Amino acid sequence: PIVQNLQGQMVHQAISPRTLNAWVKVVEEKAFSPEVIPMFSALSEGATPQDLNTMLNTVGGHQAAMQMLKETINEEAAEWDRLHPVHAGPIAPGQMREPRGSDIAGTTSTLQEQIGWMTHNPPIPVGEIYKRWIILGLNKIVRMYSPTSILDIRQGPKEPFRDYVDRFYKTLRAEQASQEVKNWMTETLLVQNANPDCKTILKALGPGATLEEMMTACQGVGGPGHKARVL
Amino acid sequence: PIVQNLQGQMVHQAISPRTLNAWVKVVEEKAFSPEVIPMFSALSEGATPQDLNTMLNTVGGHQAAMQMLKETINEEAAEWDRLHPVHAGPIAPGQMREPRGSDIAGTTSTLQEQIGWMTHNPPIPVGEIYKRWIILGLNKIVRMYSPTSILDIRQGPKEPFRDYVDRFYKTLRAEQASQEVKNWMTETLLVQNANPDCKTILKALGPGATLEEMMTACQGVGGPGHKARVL
Amino acid sequence: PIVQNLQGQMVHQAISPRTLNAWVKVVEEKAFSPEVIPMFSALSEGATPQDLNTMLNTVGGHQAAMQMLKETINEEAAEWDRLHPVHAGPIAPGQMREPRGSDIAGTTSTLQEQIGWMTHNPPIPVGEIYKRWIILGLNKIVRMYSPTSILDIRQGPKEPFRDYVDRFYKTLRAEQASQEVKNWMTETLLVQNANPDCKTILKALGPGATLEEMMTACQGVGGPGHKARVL
Amino acid sequence: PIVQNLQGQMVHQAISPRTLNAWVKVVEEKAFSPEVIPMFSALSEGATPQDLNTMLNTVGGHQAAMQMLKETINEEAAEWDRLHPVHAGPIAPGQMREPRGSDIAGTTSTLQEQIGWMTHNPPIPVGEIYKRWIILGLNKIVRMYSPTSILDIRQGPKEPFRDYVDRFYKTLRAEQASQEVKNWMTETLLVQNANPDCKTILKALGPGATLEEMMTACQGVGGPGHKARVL
Amino acid sequence: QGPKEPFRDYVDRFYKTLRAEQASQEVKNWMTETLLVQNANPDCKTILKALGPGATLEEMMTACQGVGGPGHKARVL
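Protein chains in written order, with PDB author numbering: chain J, 1 to 231; chain K, 1 to 231; chain G, 1 to 231; chain H, 1 to 231; chain HE, 155 to 231.
The following block holds chain J by itself, in its conformation from the complex:
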């Protein structure tokens, strides 16, 4: 995308074949897993809409998810053009004409105009909003993908604490809810779905317990072969 700083003005560079290969490979390896969202946020340097849209268009087997994501982007673009500060009428020549919801989209925007409003006038967050809409759509996909409704994870009488925690944190990452609520829910839910023996020693710790303390306490609860005891 558009880069260059200390050596002067920005130049529009193309995407790497290496990053494109990673996008194809990661999908074969772990298609809808939550870690895709921070990787996309981190790697998207100079996040221009049409360039971001290239990753969406190079979709393989997971095209159905992308089609839903595109509908969500269209809903978000429609909301931007009508429920947020609306664009006026005729203006004097040479002004950008405050970009519309459809101007954010790659289909209805040319490269010259898209880069023009991105840096000729003071930087507009056009890439940031489109990227945010993609993040919002990806969050919907991981939410739908999750096979467990958060409270479906349980610990069997022979299942170790570490595996119970792995299962619990796997569904926890797809929760998409408020942090205070998530902490309060985590505190009660972990105890409720725990096995009788595990729950009996877990209740000794009581209020004010934190994850570092919980992990430390469950070191003596051990793994397979070892028979977990209160003492």
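Heads up, some of the hints might be wrong.
Footprint (simulated), chain K over chain G, 3 or more residues, beta carbon under 8 Å [claimed, not checked]: (1) 2 to 14; (2) 50 to 60; (3) 65 to 77.
These are calculated hints, taken from the structure and not from any lab test.
Idealized CB from N, CA, C, for every residue including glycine.
We have chain J; now place chains K, G, H and HE onto it with these hints.
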């Protein structure tokens, strides 16, 4: 993170996709190993907090252990706001106001803002403290990984002394203790948890004779005080 | 390690991650092979003790061998500390003060001072001696690894000269003894450890046949010591 | 080796890590094959002896054959101290000292001194002769490898011309005779070692037929010919 | 510590034995915190573990004094 020397002043640049793939493979196959702490130290190049923050969010496996590391960083950041000099608060125009304890974290500070206080005015150890807190979290993760104490690392009857030494040194890497204390322990521990048959010839060495000499003697004999044949 | 001469003033520049993966791949597959030792010398550009120390911290299973190498560096550092010219605490104001054994070691040294002493006052070979001590340590590890002796490598009944010479030369790199002696004993050894089928032709060639000349003759005979008298 | 032309005077740097891995990989794939000699010639850009010594030192499997080359290199170094200018022991103030046979090797010379004699007075062909001496040794190595001689090549009845000519071409890679002599060998041996039915095609075509024409006839007739005359 | 042995006799013997160790103060102190709990009988060990991390020697002795016997049994077994 920040980079550039030969052409002039430092500018913020993202890490290679091959490096990210290398990290992903290391987390997948070497998960809780103490060998990953130097690998992370090498890969945590420069000093911008944002790149380290995104890198740690790419985990698909041991997310709960990583979350305990985030919790550790959050409470270490709390101590930077309280214990350490955080000044009076109000500041006259034209200053960068100095980061508070929670301003160190990439989740609470903007990228240009993070770069600003370490580039617009002379260096401050914001990258080093954030890295130190992550390293401290990794030290805690290997402390939870361990399932057997040093005195529980006993040598079996059919178990060779060489395998026992590897088990001891691998176990030792996660214990977090003073070098003098570890050396002082090394004098009696090595022959203490060994089996009777190998001890027959290894007890003859006596006082002094460092690990190198003890191993040179051990290699020369093999097995439980004498080697065995497979084919 | 430090880099740049023609280009400008010296820069301390981090190793590439591909180089680190290549080192890990070599250590993982070749373990205690003598082939690793020149590869370490080849890869260790601009000899900087901290970077050299980092390359000894990434080992997996074989940590105990690495610990012996680290103790060997301490042993040679101690040799520098008291048997090589002894330093005195009192020195004139404005001097960098030439390093003691502990200063050479990664344990008490700081990277800013370490780069400082090698770049300020006239060149001290701090990196080269540390690299040499590591190589000396690696040269002790091959002895620990080697499980054979000069008269244990004997050609079997169905073994050809190529298999017999390969085991001898594989062993030879880990010998750690005088070259002058090795040459003088080699002439006796090649005849002595041969099988009776190949021994008679080796004896028949006699004195005045060098390694190339013997290898040239041994190429045409065929099998595990084919008919030695052609009439 | 020493590198830089465009930005001014050359700086000494080590070999690239990827090149070192490639050298090891090529050895695993095809250590003794004749095309390794041009591959080595191509990769040895900047023939500084110390860098060249690293390539020799890092060899894996074929160590016994590899150590035979040192005898030839030492022998050519002995020839350099005889047939080439040998100079004298005395030396005038501040001179770099013209190389002796044992100054050529990196093992018995010092790097700064080595760069000094290669560059202080008009270039000395130290790297070029060392590469040629190594090539002479590599030409000896393919003699040791060789499983078939040039006069051992013969076409069987079930062996087509393409299979036969490939075998003949492979054996012509290391023919170790004059190009003038080789022209006669090519003209005579190719027809002479062909099978009777294939020979009939060659016999009919006869004198005044180039390699292009011979190949064209072989291509048109098919296989090694067939049980009845076509020409 | 045996099943019917009281903590005061056990810690008295531990201190007496430790008195002849002639090692640096750090070596003795660091060990004492973990070893006393580890070599204790199940019921006593449960009570010592219940007191847990932190606290002074006076606080530990105070807790032990009121506990009584060689360790009175619990209901979660």
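Item checked: In rising order, the numbers of the hints this structure does not comply with -> none
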